[PDB]
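Okay, here's what each chain looks like letter by letter:
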Amino acid sequence: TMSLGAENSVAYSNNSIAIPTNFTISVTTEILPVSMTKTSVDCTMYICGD
Amino acid sequence: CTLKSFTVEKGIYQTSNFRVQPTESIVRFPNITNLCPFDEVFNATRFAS
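The listed protein sequences correspond, in order, to chains A and B.
Mapping of the first sequence onto the UniProt record's numbering: position 44 corresponds to residue 739, and the numbering continues sequentially without gaps.
Mapping of the second sequence onto the UniProt record's numbering: position 37 corresponds to residue 337, and the numbering continues sequentially without gaps.
Because the hints were derived from the structure by calculation, they are not lab data.
Just to be clear, a hint being listed does not mean it is correct.
[Said to hold, decoys possible] Simulated restraints on C-beta separations:
#1 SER730(A) with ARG328(B): 53 to 61 Å
#2 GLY744(A) with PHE306(B): 30 to 38 Å
#3 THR734(A) with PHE338(B): 56 to 64 Å
#4 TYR313(B) with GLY744(A): 25 to 33 Å
Where is the CB? At the ideal position from N, CA and C, for every residue including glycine.
All chains, please: the whole structure from these sequences, using the hints.
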């Protein structure tokens, strides 16, 4: 059975905050299609060949 | 004629397709071989009764 991820338990005290002390500059990537290949059929050749 | 309008706008329009029709026609068959013995059958002295 697949696991949905790790089981982390963040504290929820009445007066407690997590302030980061370091920075990490990450560079991700995303692939997005722009267009397809333009096609055009021959309605007189595909239907009737010679 | 491909568009029902005598005032064609500015642009490129796809008209009917063209097809180059052939001119000559060749019919090539395998080489002639394996002749029949009819040449020897119709040439003899005593054929049959």
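Review point. Which hints from the list above does the structure break, by number from lowest to highest?
Key: Structure breaks hint 1 only.
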